[PDB]
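Kindly generate the complete structure, drawing on both the sequences and the hints.
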Amino acid sequence: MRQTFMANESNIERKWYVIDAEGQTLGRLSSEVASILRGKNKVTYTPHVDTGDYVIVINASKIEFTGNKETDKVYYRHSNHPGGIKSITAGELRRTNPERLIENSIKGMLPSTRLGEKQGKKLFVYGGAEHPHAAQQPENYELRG
Amino acid sequence: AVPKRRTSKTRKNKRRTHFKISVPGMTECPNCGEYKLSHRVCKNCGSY
Amino acid sequence: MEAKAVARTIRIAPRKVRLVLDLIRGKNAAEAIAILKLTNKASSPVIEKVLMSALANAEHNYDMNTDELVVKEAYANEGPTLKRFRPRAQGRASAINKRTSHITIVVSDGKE
Amino acid sequence: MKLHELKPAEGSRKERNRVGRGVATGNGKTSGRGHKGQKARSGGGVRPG
Amino acid sequence: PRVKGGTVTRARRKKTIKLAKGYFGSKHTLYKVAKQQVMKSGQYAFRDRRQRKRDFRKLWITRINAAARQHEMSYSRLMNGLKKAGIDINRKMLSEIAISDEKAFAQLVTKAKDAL
Amino acid sequence: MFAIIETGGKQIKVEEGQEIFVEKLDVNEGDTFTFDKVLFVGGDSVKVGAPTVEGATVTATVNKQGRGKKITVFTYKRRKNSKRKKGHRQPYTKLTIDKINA
RNA sequence: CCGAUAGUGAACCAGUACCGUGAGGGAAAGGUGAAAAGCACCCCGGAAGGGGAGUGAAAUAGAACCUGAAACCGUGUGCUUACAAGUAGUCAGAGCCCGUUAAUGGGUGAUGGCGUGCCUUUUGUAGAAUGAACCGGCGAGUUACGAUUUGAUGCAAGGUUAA
RNA sequence: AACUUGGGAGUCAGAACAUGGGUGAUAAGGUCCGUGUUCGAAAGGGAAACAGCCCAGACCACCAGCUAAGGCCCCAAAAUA
RNA sequence: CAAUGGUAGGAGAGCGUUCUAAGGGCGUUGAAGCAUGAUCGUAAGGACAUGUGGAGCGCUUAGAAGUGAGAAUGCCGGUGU
Ligand SMILES: [Zn+2]
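Residue numbers (the entry's author numbering), protein chains in the order written: chain H, 1 to 145; chain Z, 2 to 49; chain Q, 1 to 112; chain J, 1 to 49; chain O, 2 to 117; chain P, 1 to 102.
No lab work stands behind these hints: they were computed from the structure.
We put the CB at the ideal spot given by N, CA and C, even for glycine.
Do not rely on the hints blindly, as some may be mistaken.
Some, not all, of what chain J presents toward chain P, calculated at C-beta under 10 Å [to be verified]: (1) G22; (2) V23; (3) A24; (4) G28.
Computed cross-link-like contacts, SDA-like style, restricted to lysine to any residue with a CA-CA straight-line distance of at most 20 Å [as the list claims (entries may be wrong)]: (5) P/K24 with P/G9; (6) Z/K44 with Q/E73; (7) P/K77 with J/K14; (8) Q/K49 with Q/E68; (9) O/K41 with P/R78.
Here's what the structure looks like:
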């Protein structure tokens with residue numbers, strides 16, 4: 001228990017990025033955003049403290065699936081009432097509410113602790129090429145590869 | 002029909018959160034500077 | 001300064017005395033006399049002649065001024081229990097507790 | 001000898017084993033006897049031959 | 002002659018109660034239940050000294066990977082370059098440099114990508 | 001004012017003025033210890049020794065050769081009558097860095 | 001040899017309360033102070049109880065009267081807590097509040113990692129197999145004689161006595 | 001490390017898995033023998049969790065290194081080689 | 001240099017509790033018991049400071065045992081839910 005830096009509040013500096021989902025694959029974009037979102041690209045990554053940045057997934061209406069996942073790839077839920085499953089296909093949740101589609105994909109790639117879901121609240125997804133956060137000075141981030 | 006575990010002291014003091022009583026209305030009397038219940042007679046030179 | 005009064009082994013369960021002490025704790029003694037004689041609970045006549053005895057100890061023994069006296073501390077301690085019985089349906093008895101209380105009331109003029 | 005610095009011949013005496021007195025003494029619970037059957041009982045055991 | 006129990010059982014139970022200081026409710030209070038928690042606490046601490054050594058090494062391999070991709074390098078390609086270049090400073094020290102003096106860290110990545 | 005010395009089976013990042021806990025050294029209190037194998041010297045003139053710098057040194061003065069804090073080592077298995085309680089207390093040497101010779 | 005759960009069932013108005021038609025069964029319960037010097041007198045209250053004054057080294061020594069543990073019940077407060085899925089700890093760790101048997105200190109604890117009580121009985125129990133409501137007391141390989149084997153001591157072709 | 005004599009024992013309900021076989025139906029987390037492991041009496045890493053499968057045997061400490069089986073998009077160390 | 005996971009069991013070394021012998025000590029300028037503390041020893045455990053308490057109690061070597069409790073639908077007290 002010697003010299004090892006540990007970041008904390010009053011030591012953290014969070015930023016804002018814009019990211020375009022125009023031409024990207026759904027789950028291959030979702031996984032770089034979850035690493036930006038969780039503070040694992042910064043040298044001062046501390047596990048018990050919220051590092052990480054804010055991300056604005058700008059477009060979100062042009063995200064792409066591959067194969068037959070437009071009519072395959074059904075999403076299920078239960079109302080907690082008897083016989084209460086409900087389902088929607090991946091291509092229909094893009095024609096209807098294409099922001100919930102990207103929000104639920106990235107959130108399944110974060111932990112389910114109190115900190116893990118304080119971090120998915122730094123996620124803002126928009127269908128269409130405009131965001132209302134122009135006052136936060138968002139930069140631009142490119143997906144590797 | 003019968004308790005399966007005993008009740009801890011913590012769980013007992015939470016149930017008793019609402020087992021309390023409130024003070025009465027108890028305004029002051031104009032005839033004698035005193036205290037009486039609202040809408041009742043004064044128990045001290047009974048006036049109303 | 002402070003003045004004290006106690007009533008030992010008053011035959012009322014300490015759970016029941018405690019509801020009425022939470023009404024006068026921290027009140028001005030002129031307002032707490034009235035709360036106790038305008039309340040319908042069984043311990044109220046007993047608690048207020050512990051309160052009037054503490055105000056009497058304040059003026060006579062300690063030369064205080066009753067106008068600015070306050071209820072500083074009021075509490076009930078468990079006294080010793082009596083053992084009783086109740087006969088039941090088919091030859092068996094069950095236990096009755098006859099529980100008592102020690103009652104303490106401290107008044108203070110709030111100075112140092 | 002002095003009557004306050006007595007001492008036995010080295011090797012003549014030795015402390016007795018006291019079984020049934022906990023786990024670290026090596027003979028704690030069952031006290032050397034094992035688990036069940038005729039021989040683990042009080043007085044248990046056929047007699048010789 | 003008779004030995005009676007007094008003063009020894011209370012002296013040894015009292016020591017266990019003080020090892021249970023700060024436990025929730027009944028287990029900082031009662032002997033039988035407090036003794037059981039101080040046993041699991043002893044056995045938990047045995048593992049956790051072993052496991053501290055994995056946890057700290059795993060979470061400065063995470064910071065050298067982050068600092069090495071700002072010069073467009075992977076972790077496994079940097080740690081292979083510092084091997085065949087000769088440098089033998091441990092992961093605890095490489096990550097304390099990437100935080101404090103990046104000019105000396107980035108001066109070492111260039112020396113590792115010359116060793117391939 | 002930035003050196004990396006390999007004392008013990010470990011490595012420390014020293015800085016002129018700083019106290020440092022190390023393993024148990026073979027010196028008495030008051031005297032000075034000089035360490036020969038330093039791997040890195042920062043500042044403005046960086047020197048990355050391949051295994052070592054081959055010509056650098058760090059000198060310290062020893063303080064308070066003592067034993068660590070007391071730690072109990074307890075172990076048991078559940079339904080067997082089997083446990084083990086130990087005590088241990090590890091020695092350390094306290095030192096103060098004086099001068100970093102690059 | 002015991003020292004008030006011990007020692008007689010009984011240290012005390014014990015073969016007594018009490019139980020049974022009867023024969024019979026059968027308890028619990030010690031301690032003011034050296035000395036009663038056992039709180040005159042005042043104050044609140046119907047009294048009980050109390051606050052002063054006084055006796056005394058001492059009155060929480062005031063007649064349930066030596067000391068006074070735990071479970072349990074309260075009153076005041078330093079830090080904490082109403083988006084959270086808990087065998088309740090442990091390892092890491094900010095912020096705040098303190099200052100020791102003075103030493104790489106003490107209290108709390110945002111958040112992160114890893115974690116299905118104990119005993120018994122079993123091939124195998126987180127077990128939905130057993131036992132324990134909590135705390136305290138006190139509750140199980142003894143010693144008489146004989147045999148055998150080992151250590152240790154005297155003496156040695158001798159060694160040793162019983163009543 | 002093997003044998004001899006003497007003091008003290010505990011055990012006589014066993015279980016998966018792989019292979020050679022009987023029985024059963026080339027059924028059973030079946031049953032019964034041969035052989036080898038390891039649980040019993042074995043904690044650690046992998047098979048999500050998971051006595052018996054794979055790897056490997058914990059004297060104590062460390063905010064040091066490199067390897068095993070299994071791994072390297074992120075939950076989650078390590079190639080979006 | 002080498003060894004040190006462990007149930008049934010075998011073997012070794014110890015810690016603490018009452019009473020006795022001999023020796024030497026401490027106590028109204030406050031013993032034992034009780035409570036609190038951030039102390040010491042590889043463990044069972046040992047001190048020191050303060051508070052309360054009001055008359056006895058440790059240490060060394062040896063001896064002798066009604067000598068150590070968390071479990072028995074255990075026994076008695078008294079306190080919960
Ligand atoms: Zn009136």
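Hinted pair, alpha-carbon criterion (20 Å max): O/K41, P/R78. Please report holds or violated. holds (10 Å)
Checking one constraint from the list: CA of Z/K44 to CA of Q/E73, max 20 Å. Satisfied? violated (29 Å)
Quick one, is the J/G28 hint okay against chain P at 10 Å, beta carbons? Result: holds, 6 Å to nearest chain P Cβ.
Per the CB criterion, is J/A24 less than 10 Å away from chain P? holds (8 Å)
Measure nothing beyond the straight line between the CA atoms of P/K24 and P/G9; if it is 20 Å or shorter, mark the hint as holding. Holds - the C-alpha atoms of P/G9 and P/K24 are around 11 Å apart, at most 20 Å.
Quick check on the hint: J/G22 CB to chain P CB, less than 10 Å? holds (9 Å)
Checking one constraint from the list: CA of P/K77 to CA of J/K14, max 20 Å. Satisfied? violated (33 Å)
Tell me if J/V23 is really an interface residue toward chain P, meaning its C-beta lies closer than 10 Å to one of theirs. Holds, because the Cβ-Cβ distance from J/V23 to chain P comes to roughly 4 Å (cut-off 10 Å).
Does Q/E68 sit within 20 Å of Q/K49, going by the straight-line distance between their CA atoms? Given pair Q/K49, Q/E68 holds - Cα atoms ~19 Å apart, limit 20 Å.
Of the numbered hints given earlier, the model fails hints 6, 7; all others are met.
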